[PDB]
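Quick one: the structure is below, questions incoming.
Every protein chain but one is kept in place in this view of the complex.
Chain nomenclature is as follows: A, B and C, assigned in order of appearance, with residue numbering initiated at 1 for each chain independently.
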Amino acid sequence: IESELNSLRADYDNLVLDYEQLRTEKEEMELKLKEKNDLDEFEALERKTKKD
Amino acid sequence: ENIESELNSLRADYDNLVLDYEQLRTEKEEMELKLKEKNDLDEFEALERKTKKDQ
Amino acid sequence: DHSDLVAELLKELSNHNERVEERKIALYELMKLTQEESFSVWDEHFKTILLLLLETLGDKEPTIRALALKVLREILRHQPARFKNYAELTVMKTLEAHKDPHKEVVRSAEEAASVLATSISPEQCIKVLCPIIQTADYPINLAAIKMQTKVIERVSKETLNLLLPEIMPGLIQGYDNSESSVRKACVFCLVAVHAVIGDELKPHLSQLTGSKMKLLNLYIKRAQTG
Partner (left out) sequence: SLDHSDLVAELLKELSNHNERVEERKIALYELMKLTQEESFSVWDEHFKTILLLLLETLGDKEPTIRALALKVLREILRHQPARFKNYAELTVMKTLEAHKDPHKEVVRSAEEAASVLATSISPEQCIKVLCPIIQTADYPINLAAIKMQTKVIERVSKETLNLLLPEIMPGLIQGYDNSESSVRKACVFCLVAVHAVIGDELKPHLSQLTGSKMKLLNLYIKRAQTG
């Protein structure tokens, strides 16, 4: 079990580092998506005023 | 015995990290599809402008 | 006895706008029955479940609405042959969910409309989508055009020609739409129509301007290089 413990800790430590790479990739797409949100909100407000 | 507890806690924490990563991987893929659709749409709008200029 | 459990589900899920957590359990219970070989349930209780699941789409709770669309997606792909007599009702209700203010409902509704393209009979789905496309407002017309693109891929080239006099009006009309996403969705639908019938599409596109013809041929060329 002690040898098994040493190998499992490595996989957990490797997954933590890999997880950071995904969080940094997802947070960048949010920064890119944030640009779209203010524009698409404007276009939706235009349609609502035109309907009225 | 204390080694057994250390393995027992780490195995549970690893499964929680696996679940969090799987949930995040599905979350990141939605942002990819949304970015790709917007990018192909902005390309469409740009391709539209070129046809009007040339016509 | 599946029926006694269904009575409890039909009793709870009829409590609209109240008992939020108890109906969430009931809706989740209905979804498990969908995965199971509970075909005895559906021979006698399909219509009751569909109408109660469609009425639930008008719930004040966005998580209840988004959940009913998740269960409905499963009933669509587990019992697709049962929607013959309810195509228009299921299509028009699923398209209305596309304009919900909450992302969780529209996102879950886009998924139900995705399974709906392959579950509803393709010949029947096109004839339902045509009047919707030609008369609906954004984003329902946009959602209906995306659906027809998926549905057109499933009809033969001989069958598609018969539906062209009815398909093309909304496609040429949506090409003039003020929204660029609608114009783009129409091009990709015409790319799918061109991919099937080839040069036979040419007489139908006579009413397109030169700049739209150029843009369309541009995306036709792009589709072939793949």
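Following the convention adopted for this analysis, a contact is a pair of C-beta atoms (placed from the backbone, for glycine too) under 8 Å apart; a residue touches a chain by one contact, two chains touch by 3 or more.
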Which of these touches the unseen chain: A:20, A:25 or A:43?
A:43
So which bits of chain A touch the chain we can't see?
39, 42-43, 45-46, 49-50, 52
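As a convention for this text, only the chains that are shown with their structure count from here on.
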Looking at A-B and B-C, which one has the bigger number of contacting C-beta pairs?
A-B
Centre to centre, by mean C-alpha position, how many angstrom separate chain A and chain C?
29
Could you grab the centroid distance between chain B and chain C? Build each centroid from C-alpha atoms only and quote it in angstrom.
25
Where chain A touches two or more other chains at once, by residue number:
none
What parts of chain C, by residue number, touch at least two of the other chains?
none
